[PDB]
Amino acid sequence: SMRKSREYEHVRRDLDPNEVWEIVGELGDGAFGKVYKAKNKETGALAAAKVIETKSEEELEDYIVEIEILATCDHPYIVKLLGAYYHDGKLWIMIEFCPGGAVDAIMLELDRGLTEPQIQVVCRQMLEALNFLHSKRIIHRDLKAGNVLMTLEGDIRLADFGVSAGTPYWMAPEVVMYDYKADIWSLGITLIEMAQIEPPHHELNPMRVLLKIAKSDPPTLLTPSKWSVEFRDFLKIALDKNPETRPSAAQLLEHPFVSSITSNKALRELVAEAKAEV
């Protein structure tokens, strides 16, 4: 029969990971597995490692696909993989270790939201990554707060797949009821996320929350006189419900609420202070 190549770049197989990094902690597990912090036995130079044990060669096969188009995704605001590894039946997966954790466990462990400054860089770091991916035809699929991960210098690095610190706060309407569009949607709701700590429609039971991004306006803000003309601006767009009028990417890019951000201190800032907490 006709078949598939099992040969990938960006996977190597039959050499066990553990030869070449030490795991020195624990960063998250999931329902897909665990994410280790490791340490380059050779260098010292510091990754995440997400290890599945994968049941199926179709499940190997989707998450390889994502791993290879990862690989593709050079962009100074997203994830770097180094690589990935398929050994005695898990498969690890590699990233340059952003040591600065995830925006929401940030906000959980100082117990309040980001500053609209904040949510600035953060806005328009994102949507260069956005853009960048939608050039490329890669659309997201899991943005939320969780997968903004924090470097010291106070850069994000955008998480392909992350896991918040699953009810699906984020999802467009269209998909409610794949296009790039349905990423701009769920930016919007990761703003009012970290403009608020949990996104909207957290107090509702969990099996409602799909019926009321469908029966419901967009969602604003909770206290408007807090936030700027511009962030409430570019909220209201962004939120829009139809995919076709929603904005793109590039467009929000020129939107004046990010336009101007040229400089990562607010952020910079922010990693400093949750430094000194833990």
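Numbering follows the first chain given and starts at 1. Superpose the two forms; the largest set of C-alphas matching within 1.5 Å is the rigid core. Compared with the form deposited in another entry:
Candidate set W185, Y86, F97, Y77; criterion, C-alpha shift of 2 Å or more between these two forms after rigid-core fit; matching residue, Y86. The rigid-core alignment places the CA of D233 less than 2 Å apart between these two forms. After superposition on the rigid core, the Cα of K55 moves by 2 Å or more between these two forms. Relative to the superposed core, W21 shifts its CA atom by 2 Å or more between these two forms.
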Given for the second form:
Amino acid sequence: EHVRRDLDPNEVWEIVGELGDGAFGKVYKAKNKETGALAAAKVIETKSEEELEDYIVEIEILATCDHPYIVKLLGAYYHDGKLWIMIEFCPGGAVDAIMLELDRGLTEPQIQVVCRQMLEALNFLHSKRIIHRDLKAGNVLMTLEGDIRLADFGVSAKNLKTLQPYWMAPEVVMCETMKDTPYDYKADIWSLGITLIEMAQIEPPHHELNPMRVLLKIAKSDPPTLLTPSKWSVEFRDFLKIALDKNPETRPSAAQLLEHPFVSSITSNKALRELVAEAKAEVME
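For comparison with the form deposited in one PDB entry, provide the form deposited in another entry.
If you are looking for partners or other molecules, they are not here, because only the chain is given.
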């Protein structure tokens, strides 16, 4: 559909180094042999047919998700058993790594730009009926111009690949409705709210617990709130109050949240350009 097999990628791309290692795999730094353009790349060795079929769905998601605030697909290739996925290199890297490099959380004006830009990307995702299912500061990348790029549509590809009655139990009926409209997309909205807390406090709620307890803690605990409400505005506190609704039916869409005072007046990305400048200067220290 979008994977070019007729053209050899080594006749248009050159690997310049390794960006990241671990978990899902190695990420390489690549440059265009013609235009000189930079791309973050994955040269995945097709082990199983299932693993290959999963990455194709990811490429098809990446190819339709042509939006200012979503990572840009600069090409997908398949030659000599190796699958090449070229994505526009995001110089600032991930927001969680910036917080780690600067040893601090994001300021409220910085969170407001992230939030406003994510809400724009999620509204586009809902229009195309794509659920990200993996929002976190680690999947929000930075450009030098102060704009975010929503990354890693892997969990999205898997939950869409696996997707593609009188005696039914109500809990089964319910889980067939959380895997259907108008609930399935509301998950990313809760995740957005957790990502906002994570950017304000560096760590997500319930980080003090081992990951086994977390699932039961999200199920039984009341919606998470900001540790010091005096350190943040009433608008931020009210944004999380409505976005972190445990009931997905009452929880608003990304379109309804764009009307909230916490993001509606944001006309500049200056706060994030200032964040990227501070992180670059911190590297030289």
